Amino acid sequence: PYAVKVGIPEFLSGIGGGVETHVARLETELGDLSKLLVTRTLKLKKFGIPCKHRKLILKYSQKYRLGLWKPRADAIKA
Amino acid sequence: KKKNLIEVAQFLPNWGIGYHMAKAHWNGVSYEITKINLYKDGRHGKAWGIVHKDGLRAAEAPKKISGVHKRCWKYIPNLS
Amino acid sequence: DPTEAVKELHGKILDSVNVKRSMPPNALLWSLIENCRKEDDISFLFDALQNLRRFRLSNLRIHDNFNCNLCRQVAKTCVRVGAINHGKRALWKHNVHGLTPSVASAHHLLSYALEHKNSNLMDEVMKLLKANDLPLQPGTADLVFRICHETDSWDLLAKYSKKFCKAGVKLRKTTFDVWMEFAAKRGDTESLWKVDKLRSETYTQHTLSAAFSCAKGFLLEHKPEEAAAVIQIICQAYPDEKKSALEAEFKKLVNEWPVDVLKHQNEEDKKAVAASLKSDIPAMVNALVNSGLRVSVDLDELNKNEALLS
RNA sequence: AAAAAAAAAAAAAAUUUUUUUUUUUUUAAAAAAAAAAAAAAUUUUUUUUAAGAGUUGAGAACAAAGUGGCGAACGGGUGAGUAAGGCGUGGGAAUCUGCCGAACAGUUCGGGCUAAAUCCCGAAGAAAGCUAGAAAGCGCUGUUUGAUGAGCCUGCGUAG
RNA sequence: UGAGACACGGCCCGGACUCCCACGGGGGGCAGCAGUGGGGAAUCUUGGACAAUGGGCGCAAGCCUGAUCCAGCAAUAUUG
RNA sequence: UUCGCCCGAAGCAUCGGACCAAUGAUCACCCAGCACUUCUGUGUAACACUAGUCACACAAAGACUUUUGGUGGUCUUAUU
Ligand SMILES: [K+]
Ligand SMILES: [K+]
Ligand SMILES: [Mg+2]
Ligand SMILES: [Mg+2]
Ligand SMILES: [Mg+2]
Ligand SMILES: [Mg+2]
Ligand SMILES: [Mg+2]
Ligand SMILES: [Mg+2]
Ligand SMILES: [Mg+2]
Ligand SMILES: [Mg+2]
Ligand SMILES: [Mg+2]
Ligand SMILES: [Mg+2]
Ligand SMILES: [Mg+2]
Ligand SMILES: [Mg+2]
Ligand SMILES: [Mg+2]
Ligand SMILES: [Mg+2]
Numbered sequence: 001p002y003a004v005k006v007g008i009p010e011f012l013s014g015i016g017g018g019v020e021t022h023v024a025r026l027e028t029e030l031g032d033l034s035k036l037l038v039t040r041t042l043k044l045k046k047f048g049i050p051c052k053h054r055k056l057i058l059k060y061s062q063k064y065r066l067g068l069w070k071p072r073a074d075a076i077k078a
Numbered sequence: 001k002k003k004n005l006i007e008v009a010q011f012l013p014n015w016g017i018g019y020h021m022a023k024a025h026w027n028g029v030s031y032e033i034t035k036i037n038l039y040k041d042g043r044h045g046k047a048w049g050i051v052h053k054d055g056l057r058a059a060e061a062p063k064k065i066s067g068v069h070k071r072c073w074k075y076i077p078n079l080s
Numbered sequence: 001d002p003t004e005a006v007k008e009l010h011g012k013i014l015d016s017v018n019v020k021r022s023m024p025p026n027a028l029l030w031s032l033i034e035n036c037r038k039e040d041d042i043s044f045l046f047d048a049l050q051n052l053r054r055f056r057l058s059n060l061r062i063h064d065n066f067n068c069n070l071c072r073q074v075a076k077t078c079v080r081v082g083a084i085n086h087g088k089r090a091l092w093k094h095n096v097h098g099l100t101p102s103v104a105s106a107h108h109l110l111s112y113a114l115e116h117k118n119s120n121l122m123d124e125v126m127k128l129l130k131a132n133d134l135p136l137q138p139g140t141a142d143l144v145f146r147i148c149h150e151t152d153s154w155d156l157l158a159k160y161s162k163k164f165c166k167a168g169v170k171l172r173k174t175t176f177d178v179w180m181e182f183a184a185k186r187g188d189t190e191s192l193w194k195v196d197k198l199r200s201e202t203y204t205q206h207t208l209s210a211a212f213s214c215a216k217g218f219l220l221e222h223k224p225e226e227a228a229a230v231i232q233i234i235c236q237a238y239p240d241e242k243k244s245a246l247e248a249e250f251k252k253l254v255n256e257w258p259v260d261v262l263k264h265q266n267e268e269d270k271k272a273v274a275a276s277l278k279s280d281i282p283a284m285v286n287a288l289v290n291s292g293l294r295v296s297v298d299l300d301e302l303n304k305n306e307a308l309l310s
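So the protein lines, in turn, are chains Z, E and H. The first sequence begins at 1 in our numbering and counts up one residue at a time. The second sequence begins at 1 in our numbering and counts up one residue at a time. The third sequence begins at 1 in our numbering and counts up one residue at a time.
Source of the hints: derived by calculation from the structure; they are not laboratory data. Just so you know, even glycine gets a beta-carbon here, dropped at the ideal spot from N, CA and C. Among these hints, one or two may not hold up.
Unchecked claim - Derived DSBU-like pairs: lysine-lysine, alpha-carbon spacing no greater than 30 Å straight-line:
(1) E:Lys64 with H:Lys93
(2) E:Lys70 with Z:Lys70
(3) H:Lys93 with E:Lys2
(4) E:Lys74 with H:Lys130
As the list claims (entries may be wrong) - Estimated spans, in silico, between C-beta atoms of each pair:
(5) E:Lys74 with H:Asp64: 22 to 32 Å
(6) E:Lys23 with Z:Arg72: 17 to 27 Å
(7) H:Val259 with E:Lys74: 30 to 40 Å
(8) E:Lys64 with H:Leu198: 51 to 61 Å
(9) E:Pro62 with Z:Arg65: 41 to 51 Å
Generate the whole structure from the sequences, applying the supplied hints.
See below:
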């Protein structure tokens, strides 16, 4: 039920809550999802991501790296 | 709409006494019905059963079944 | 749509069950059964059965299904009016009406199928017997062989005779007579001696109609001597009670047997069998009169049949 | 409309092929609901209605509205009243105490609220069940306790 | 009702004041945080976040929290 | 601020009728069920020549029992 190949856009679309508007900027500046999983708040603040979206991205990065959460594969057809 | 234990036992001879009932997500466990306490509407009630672990009986005296009105129940046609 | 005895009876029940919350007498249910007249009024009866089952478990604490005779009678009432779908719903193993499937309900359905000449209704009733795990019985075999006699269905004969013989049932004499006489109507000689061998395994002494059919099979081989000896030994071992019946069966020879045995042949075989019977059956009548049998036959009906000029 | 594993190389490409387990059916070993239109020798392709229905198989949200539990007696504000039923300080006996810690025993059966319940009523002895998704994990009840609070009383001290 | 209240943002009744009303009748209580009139010589933003600490509910994930934390205004104070 | 009278909203309390509306206990009565009896009807299996004979279920009745469900009475109204 989860996405097999997970990148930055699948991760951010699985988080939801309007945070998927920063897919293009985070692809341009961070590129790799493994870089995003260890990005902290000052770097995301420099990229123009607001407070609640920053906190959501960091929360689900910590959840994803521990196995506690995976993005669902049902968000494949836009 | 999914069926609870009573709404499955209506399509059963002798009200399902003697048959093995299980929840749909259960894997290797079922209850062998001993008494059904039907309510007025015919869709809800209580149930008493004998628990079977891996097709083998594990208890001597029957007990009241939890979650009878949950809409996830089914009967096993092979164990009964 | 409903008959008025039935609307009133249904209500008095659905009113005792629902409003008074007390069990009605059994007589009201049984009179709702006896007063069904049209097809639409047995949906009322099934609604009554469902409500009485719900009340029996809910108030009386009765888990048991409705008993055997009640299921027999609801099936026979469902088929006496003529609603076969709800009639055959009494054979269902899983139903909300508390109906236990029995051999008797299927016997009612097959009695209707015999009396109304319904060939596929065999296939649904027997598939319902197999599906709802009811055992195969000699009376079921009796009714099945009797109907597939009357419907020109040799495939049903072969399939269900294999099923019954694999099931290990003990076929009665009458169904053996029906089998042998229908194989005489069709002309399968090898199957005729096969079922004769099977019945000789089953019973010892021949009866009238089966020695009759053995004579038919021998006459299909144009060997009237063995046929004459067989009907001689079956005529000696009887008293004079069925003197009209044996004459009626000899009228069956001179009227209906050649037509039935030549409907299933090809045209050159129709010519061959017409010539062979025209050579054998007058010699057969003269042999029977020579042996001492006083049998009244009509030899003009040999040429009065419209089939025997093929 | 079943579970697990692999698919990278020659003569427009998402979903299929192969291997092992498993439920059921069909003819004792193998094989694998109704109607319309078409094709082939009963099966296949497309479409409509399925499913108060011989157990429809999984899934997602249900907040959409509720019943129920717990908390809204804490935290926050102000000093109107109050001259002693208050406060400060020290004691007491005639009490209760959710949540929290630690023992023991139980957790049975009927009915009612359009439907149900850990909601309400009744019987014993008091109770209440959920979860094989949270199956020996929560929860409830009775009895002994610790801890924390609360109620009650009182000596002394406390304006003009 | 509740273990706990005779309960600031619960209920019932009476009173004064006040807002709707389709005119039958309903509704309200900043001495919570901001803020406004008024009185006065005179006393502030209709701010941000639940990141920390504390608290309620939940098994958790979390969700609430003008408690708080932190910014804003004012020589009002401070051995700067 | 206090005292004496008149009135008495909501509410806690106390009575009183009331079998009001439930609940409980106890009486009957009616179906229905479990075991039983049948010279009864309707099925299944042998047999017998088509008639017996067992096995069923009859709910088809019977009648003392006993139970589930109802209905109608009582309780010094017994608990709300
Ligand atoms: K916080
Ligand atoms: K100054
Ligand atoms: Mg409050
Ligand atoms: Mg307070
Ligand atoms: Mg303060
Ligand atoms: Mg102060
Ligand atoms: Mg409380
Ligand atoms: Mg109280
Ligand atoms: Mg307020
Ligand atoms: Mg203020
Ligand atoms: Mg001024
Ligand atoms: Mg906290
Ligand atoms: Mg907790
Ligand atoms: Mg604030
Ligand atoms: Mg200075
Ligand atoms: Mg009053």
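Checking each numbered hint in turn, tell me which of them this model violates, lowest number first.
7
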